[PDB]
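Below you will find one chain, with nothing else, as structure tokens; this is the form deposited in one PDB entry, and questions on how it binds or moves follow later.
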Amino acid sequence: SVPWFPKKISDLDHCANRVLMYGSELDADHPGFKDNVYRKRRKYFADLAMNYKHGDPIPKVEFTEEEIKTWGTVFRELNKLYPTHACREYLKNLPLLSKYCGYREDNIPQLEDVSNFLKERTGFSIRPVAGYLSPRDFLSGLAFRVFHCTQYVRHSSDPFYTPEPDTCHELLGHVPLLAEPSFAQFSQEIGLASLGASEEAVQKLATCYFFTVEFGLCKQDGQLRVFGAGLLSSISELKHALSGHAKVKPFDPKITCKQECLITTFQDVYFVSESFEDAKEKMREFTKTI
């Protein structure tokens, strides 16, 4: 039978809180595990997401000096690499978001503002989420041009901590490209193809999403550059991917979907997409076979 899937944007209310990883619960190994203040703050952000319902303006938060400084360091360091490492489509959009949404070393952009900016640009919107959802639920959000986004900030003790993703990853890694029409269309189609799809189908779509939206590379003027959100928000993997150390292959769904998605370590191989339009076309051909 066909598993339950949202039929309208408000139906996301029925899966947005199905958090399987991260969230308010911090493990003993977490940088802020022994920080009482941080623990309560994470519960706060988690509650804002759990209580959120479609149609609500996303609760705005007055970030602390510590959170702003942590964001500043992450933003400062990554921005030093973008000019020479990021794909032109990213470089064209980050400045846009920054101007209209307040991306500054001393100011964390509010999700509601980013959501409204995206709504007018590509129809994409943001929904705050406590933690990571299942691939099926997260992808179902894309079908309605909704990107579930974390709102909390990594612990200040280690601004370069990536094991657990946070709002910096969302704002710097995922958001800019959602302002690009072709990228937004590509993302929505992955979501639409996943609705009510089989487990095997969702797994394959999730993998293609992983090697494009999350860790995709482009080749511009013969130079390898990154567009994957996981690369754009990670200093270490950002450099690793563009070094001759990593294996690189052309994006090809039938093959790319066979690749295992790694966590904790660098990917065994990164895939290069010719353009967002071409990646979209390749996925159309692929989905017709699954």
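Positions refer to the first chain, counted from 1. For clarity, a rigid core is taken as the largest C-alpha set superposing within 1.5 Å between two forms. First, how it differs from the form deposited in another entry.
- A 2 Å or larger CA shift between these two forms, after fitting on the rigid core, occurs at just one of 159, 196, 123, 72, namely 159.
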Given for the second form:
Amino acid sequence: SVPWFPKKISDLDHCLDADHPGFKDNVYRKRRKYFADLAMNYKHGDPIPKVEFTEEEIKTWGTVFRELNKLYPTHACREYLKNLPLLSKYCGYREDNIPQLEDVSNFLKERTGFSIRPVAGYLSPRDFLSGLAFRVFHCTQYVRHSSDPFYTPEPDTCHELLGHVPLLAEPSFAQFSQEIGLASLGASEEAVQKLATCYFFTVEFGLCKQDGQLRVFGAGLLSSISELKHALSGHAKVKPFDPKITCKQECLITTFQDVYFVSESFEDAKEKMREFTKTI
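What's the form deposited in another entry like, now that we've got the form deposited in one PDB entry?
Here you get just the chain by itself.
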């Protein structure tokens, strides 16, 4: 039989660790509970609760934003660079202001039909990919601990807003993402793992070749000052994106990646994934 999967957008309704650097910080710990409760209480159709971020949270965002913006012009793909200024104009991307999930959700709705729902923390690859099928991106709302703004193994709102949002605003990329989600719905465990891995080494950590140069489109790179620099250093190993090979690569979840895969274009990666999903 087929495992349960969402058939409508509202069906997504039905889908701190003590060693976290911020656990021993009382305000960090308490605010994380606050963010977790907002996500848990959320139901499809609700406006995403807007949060008044603290000075410390804004300072961390500010550091991340300031340094990443120095790198984007030379490191990010053109699609990313095309869309970032629109977000800054319409959604309040500033060094001293954290954009709200509700604002970026509404921006994406009008651009590509993408929307956001808040998530408390970890969700399964199956669940996350299932959201993409409805052009729904599950986003965290909290900010990374101040101790390391340059890289965190835990995705935070900086990652969602600076890593993902500017590309979700691009029609070709939104289509590519949705198609992974669609392929995942009710798929076998093996199929989901393979799809999740291809997602990881494209949407999350992908590089592309644009006018002969390597650029990054991977959200996990676009939100990490240190890994973004590392990816294009270039002391990093690079391979051509090839789903039948890429899907077998181990996804590293507490370190920099060991390898980055290069796609020719969003359209090309989409086509390769189309051919690949037929085989699984």
